[PDB]
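Position chains 6 and 7 with the ligands relative to chain 5; hints supplied.
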Amino acid sequence: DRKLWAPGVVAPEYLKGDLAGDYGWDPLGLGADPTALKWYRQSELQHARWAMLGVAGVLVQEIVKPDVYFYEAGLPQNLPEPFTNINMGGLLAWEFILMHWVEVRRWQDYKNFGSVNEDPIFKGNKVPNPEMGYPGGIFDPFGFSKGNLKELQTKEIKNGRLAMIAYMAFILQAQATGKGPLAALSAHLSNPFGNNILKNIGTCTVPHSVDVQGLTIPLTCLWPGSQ
Amino acid sequence: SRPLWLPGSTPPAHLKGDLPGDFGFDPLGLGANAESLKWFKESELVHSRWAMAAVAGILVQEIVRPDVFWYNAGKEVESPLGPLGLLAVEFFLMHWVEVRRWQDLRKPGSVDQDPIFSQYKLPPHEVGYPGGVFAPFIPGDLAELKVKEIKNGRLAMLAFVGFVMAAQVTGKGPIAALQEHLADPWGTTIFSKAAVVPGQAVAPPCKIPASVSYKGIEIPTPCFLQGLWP
Amino acid sequence: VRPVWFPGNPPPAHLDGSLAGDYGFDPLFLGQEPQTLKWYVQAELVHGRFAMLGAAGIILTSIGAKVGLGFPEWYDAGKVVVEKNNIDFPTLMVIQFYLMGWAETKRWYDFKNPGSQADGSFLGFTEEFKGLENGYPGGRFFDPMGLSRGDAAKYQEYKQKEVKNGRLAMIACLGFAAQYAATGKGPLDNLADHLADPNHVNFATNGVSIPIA
Ligand code: CHL
Ligand code: CHL
Ligand code: CHL
Ligand code: CLA
Ligand code: CLA
Ligand SMILES: CC(/C=C/C=C(C)/C=C/[C@@]12O[C@]1(C)C[C@@H](O)CC2(C)C)=C\C=C\C=C(C)\C=C\C=C(C)\C=C\[C@@]12O[C@]1(C)C[C@@H](O)CC2(C)C
Ligand SMILES: CC(/C=C/C=C(C)/C=C/[C@@]12O[C@]1(C)C[C@@H](O)CC2(C)C)=C\C=C\C=C(C)\C=C\C=C(C)\C=C\[C@@]12O[C@]1(C)C[C@@H](O)CC2(C)C
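Protein chains in written order, with the deposited numbering: chain 5, 31 to 257; chain 6, 28 to 257; chain 7, 29 to 241.
Bound-form chain 5, shown alone:
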C-alpha cells in the first residue's frame, strides 16, 4: 500500500517494504539476487553517510572560509597554518593505516554477522549491532536508536539520498563554473537568465594536471567540456 516511485507501476517481487526508504525502484533489476541486495544496501549506506558529511563539510567550510574553494582545498599549500605544506606522503600514511583497520572490521561484519562486535584489546566491551550497517552501542551514545527505529532509518536514507545528488551537483557546478555551491547560488540570483547552465555547460575549468610536491596528478571533468 506504500507509495511507489511512479504512479501505477508494479513494484518488484523482492521489494516488499522490508527496508527503509523502499519505493520499489529497481529498473535494472540489480536486487534480484538476495545476496547482492544486501551488499548493495550497505554501499547505499556508505555513500549516503559519506555524502552527507561531504555536503555538510563543503557548505560549512564555505561559510567559515569563503576563499578556500574546496575543489582546490586538497592542495597542500592551501591547508591550514598548522598543517600547511605537510608532506602528503606521510599524511596519506595515517589515512591508509587507520582506514584499512576500520573498513576491514566493517567488512568482516558483513561476511560473518556479529563476529566483530567485541573489542579486541579490552575484553568485555561490545556493541549491540541490531542490524547490519547499524552498529549502535558506542556508535549511538545519545541512544536515539531506542524508540521508532524504523522511522529514523527512513529519515536517514532519504536525507542521505538527497545528499548524494546534492554533492555531485557541487562537483559538476565547480567543474563548469569554477565556483563553490554558495558562490554559484549568489551568481544565479544576481543574473538569473544570463548566468545559468545553458551558458556554463560548455566549459570545463579544471586544469589538465597539477603538481603536488613534485608528483604530477592527472585531473578530468565528468564531460568533454571545452577546456
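A portion of the hints provided could be inaccurate.
Simulated crosslink set (EDC-like; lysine to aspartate or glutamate; CA at most 16 Å straight-line) [said to hold, decoys possible]:
#	chain 1	residue 1	chain 2	residue 2
1	7	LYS182	6	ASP53
2	6	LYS43	7	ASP179
3	5	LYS156	5	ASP139
Distance ranges between label pairs, derived from CB positions [what the hints assert, rightly or not]:
#	chain 1	residue 1	chain 2	residue 2	range
4	5	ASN108	7	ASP217	34 to 44 Å
5	5	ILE116	6	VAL229	35 to 45 Å
6	7	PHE117	5	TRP69	55 to 65 Å
7	6	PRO163	7	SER144	55 to 65 Å
I should point out that these hints are in silico values taken from the structure, not numbers from a laboratory. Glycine included, every Cβ here is placed at the ideal spot set by N, Cα and C.
Then chains 6 and 7 with the ligands, alone, in the frame of chain 5:
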C-alpha cells in the same frame, strides 16, 4: 574456539590448532598435504630461529660497533683466517650439523646416538625439538614456550626483511633508520619518498653500490628487485 | 546451465564441462573426436604455460628498461645476450633441443602410454613421472608443494585459474608481437603513451591497424 589471524573467519580444514602458533592462516592451502606440512613445519622453525639470532646480532653490532654497517660487515671484517679459510671451516661444520638434522626429519630417532661417545644419547623427542643436551634448562611449560618461540620468531623473520629493505633504501642500520623516523616521522615514511600514479612513477635510489671490490675481485651487490620498487 | 562463450547458444555435445575452462567454444568442431580432444587439451596447456612464462618475462624486463636498469627490449635481448656474453648461437640452439628433446619426448610417450615413464628406467625414478591426469603431471618433482595432493575442491579451482591465466597470457603474447609490428616500441613504451593521451594515442590512430583512417 581459538584466536585466529582474522577474527570471525573459519580456519581451513587442514588446520585444527594442534601445532604451536596455529592461528588458522593458510589462504593458499600450502599445508593441505600432510607430508608437505611436516616439511614446512621444520623450515618455519629453522627460518625463525636463524632470523632471531640474526636480528639480535645486527642490533648488538650497531650498539657495540656503531661505525661498521652490518650490510658491509662482509668486506669490512678482517681476520687472519682469510676468506677461503673461514669458508672451508663453515662448509664442513655446517654440512655435518645440517645433514644430521635432516636425517632426523626423514627417519626420526636414528641420529640421536652420539657417534664418538657411546654412553651419551638424545632422549626421545619430536622432530624439530631436540632435547637433552640441547635443552639443559627450561623456564616453564614447553607448550607455552613453543608458542612464545614461534611468535617471537615470526616477528624476527619480518624484522630481518625490514632491515634489508631499509638498509637498501635508506643506506643505514636498523637503529640509525629508526632515529631518522623519530626525527621527521611524516617525511620519512615509504609513502613520503616513493609514489606511483598513472603517468608517473617515483622510486627511491638504491644506496648500495652496484659492485664491491674485495681482495682483487668484484662482487655484484644488487638491490633486491630494484625494478619493482614503488 | 553453465556459462558459454555465446550466451543463448547451446554448448557442443562433445564439450560437457568436465574440462577446465570449458565454455563450449568450438565453432569449427576441431575437437569432436574424443581422442583428438585429449591431444588438444594438453596442447592448450603447454601453449598456455609457455605464454605465461613468456609474458611474465617480457613484462619484467620491460619494467627494467623503463626504470633505466639497462635491460634491452624483448625483441633485442637475443642479440644482446649472445654478443655481450660471447655465446655461439648454434651451440646454444643445439643444447636447447637436447634438453627439450629429452624432456618433451618423455611427455610424448606418457601421452601415448600413460604411466610408462614411471617404470624406473630413467635413473631409477619410479613415481615422479607417473602422471596424475592428461596435462597435469603431478608428483613430487613437478608439484613439490603437493597442492594437487591436498584439498580436492581447491585443486579443481586452481585448474580453472591455470587455464584462464594461460589463455590471457597467450593473447598478451600476440599483443606484444602485433604492437611491436605496428609501433616499433616496447610493451610498456606503448602503455606509457596510451596513459599520456588515451584519446589520441591508440591503435585507431597509429596509421597501420586502420589503413582507411
Ligand atoms: C572522498 C574523497 C576525495 C574526493 C572526492 C576528492 C576530490 C578531489 N581531490 Mg582530493 N579528494 C578526496 C580525497 C583526498 N584528496 C586528497 C588529496 C588531494 C590532492 C593533493 C589534490 C586533490 C584533488 C582533488 C580533485 C581530484 C580531481 C580528479 O579528477 O581526481 C581523480 C584523479 C585520479 C587520477 C584518480 C581517479 C581514481 C580514484 C579516485 C583513485 C583510486 C586509487 C586507488 C585506491 C589505487 C589502487 C592501486 C592498486 C594498484 C592497489 C577533487 C576536487 C586535486 C585538486 O585539488 O585539483 C584541483 C589535487 O591536487 N586531492 C587526499 C589526501 C589527504 C585525499 C584523501 O582521502
Ligand atoms: C646468510 C648468509 C649471508 C647473507 C644473507 C649475506 C649478505 C650479504 N653479504 Mg655476506 N652474507 C652471508 C654470508 C656471508 N657473507 C660473507 C662474505 C661477504 C662478503 C665478502 C661481502 C658480503 C656482502 C654481503 C651483502 C651483499 C650480498 C650480495 O649482493 O650478494 C650477491 C650474491 C653473491 C655474491 C653470491 C650469492 C651466493 C648464493 C646466495 C649462495 C651460494 C651457495 C653456495 C654455492 C653453497 C656452498 C657454500 C656453503 C657455505 C653452504 C649482503 C648484506 C658484500 C657487502 O658487504 O656488500 C655491501 C660483500 O662484499 N658477504 C661470508 C664469508 C665467506 C659469509 C659466510 O657465510
Ligand atoms: C639403439 C639406439 C637408441 C636410440 C636411437 C635411442 C633413442 C632414444 N632414446 Mg634411448 N635410444 C637407444 C638406445 C637406448 N636407449 C636406452 C634407454 C633410454 C631411456 C631410459 C630413455 C631413452 C630415450 C631416448 C630418446 C631421447 C630423445 C632425445 O631428445 O634425446 C636427447 C639426448 C640426450 C639429452 C643425451 C645425449 C646428449 C649428447 C648427444 C651427448 C653429450 C655427452 C657429454 C658427456 C655431455 C656433457 C655435458 C655436461 C658436462 C654439461 C630417443 C628416442 C628417452 C626418451 O625419450 O624416452 C621416452 C628415455 O627416457 N633411451 C637404452 C638402455 C636400455 C638403450 C640401449 O641401447
Ligand atoms: C543531444 C544532446 C547534445 C549533444 C550530443 C551535444 C553535443 C555537443 N555539445 Mg551541445 N548542447 C545541447 C545538446 C547536445 N550537445 C543542449 C540541449 C544544450 C543547451 C543546454 C547544449 C549546449 C552546449 C554548449 C554551450 C556547448 C555544447 C558543446 C557540445 C560539444 C561537447 C562539449 C561540451 O562541452 O558539451 C556540453 C554539452 C552538454 C553537457 C549538453 C548535454 C545534453 C544531454 C546529452 C541531453 C539532455 C539534456 C537535458 C534536456 C537537460 C538540458 C539542460 C537543463 C537545464 C534543462 C558537442 C558537439 C560545446 C561546443 O560547442 O563545443 C565546440 C559547447 O561549448 N553544447
Ligand atoms: C646468525 C648469526 C650471526 C652471524 C652470521 C654474525 C656475523 C658477524 N658478527 Mg655477529 N652477533 C650475533 C650473530 C651473528 N653474527 C649475535 C647473536 C650476537 C649477540 C651475542 C652478535 C654480536 C656481535 C658482535 C658484538 C660483533 C659481531 C660481529 C660479527 C662479524 C664478525 C664475526 C667474527 O669476527 O667472529 C669471530 C668469532 C669468534 C671470536 C668466535 C665466536 C664463537 C661463537 C660465540 C660460538 C657460538 C656457537 C653457538 C652454538 C651459536 C648458536 C647460534 C647460531 C646457531 C645462530 C660478522 C659479520 C663483529 C662485527 O661487527 O664485525 C664488524 C662484532 O664486533 N656480532
Ligand atoms: C560518497 C559521495 C561523496 C563524498 C564526498 C566527500 C567525502 C567529500 C569530501 C570533501 O569535500 C570535502 C568535505 C571538503 C573538500 O575540501 C575535500 C573533499 C575530500 C572533496 C557521493 C556519492 C554519490 C553517489 C551518487 C550520486 C549515486 C547515485 C546513484 C544512482 C542514481 C543509482 C541509481 C540506480 O541504481 C539504482 C539505485 C537502481 C537501479 O535499478 C537503477 C539505477 C538508475 C542504475
Ligand atoms: C594466440 C594463440 C592462439 C590462439 C588460438 C585461437 C584463438 C584459436 C581459436 C579456435 O581454435 C579454437 C579454440 C576452437 C576452434 O573451433 C575455432 C578457432 C577460432 C580456430 C597462441 C599464442 C601462443 C603464444 C606463445 C606460446 C608464446 C610464447 C612466448 C615465449 C616463450 C617468449 C619468449 C621470449 O619473450 C621472452 C620471455 C624474452 C624475449 O627476449 C625472447 C623471447 C624468446 C621472445
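Hint check results:
no., hint, in the structure
1, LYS182 (chain 7) x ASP53 (chain 6), "holds (13 Å)"
2, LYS43 (chain 6) x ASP179 (chain 7), "holds (15 Å)"
3, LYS156 (chain 5) x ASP139 (chain 5), "holds (13 Å)"
4, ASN108 (chain 5) x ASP217 (chain 7): 34 to 44 Å, "holds (36 Å)"
5, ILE116 (chain 5) x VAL229 (chain 6): 35 to 45 Å, "violated (18 Å)"
6, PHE117 (chain 7) x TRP69 (chain 5): 55 to 65 Å, "holds (57 Å)"
7, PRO163 (chain 6) x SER144 (chain 7): 55 to 65 Å, "holds (56 Å)"
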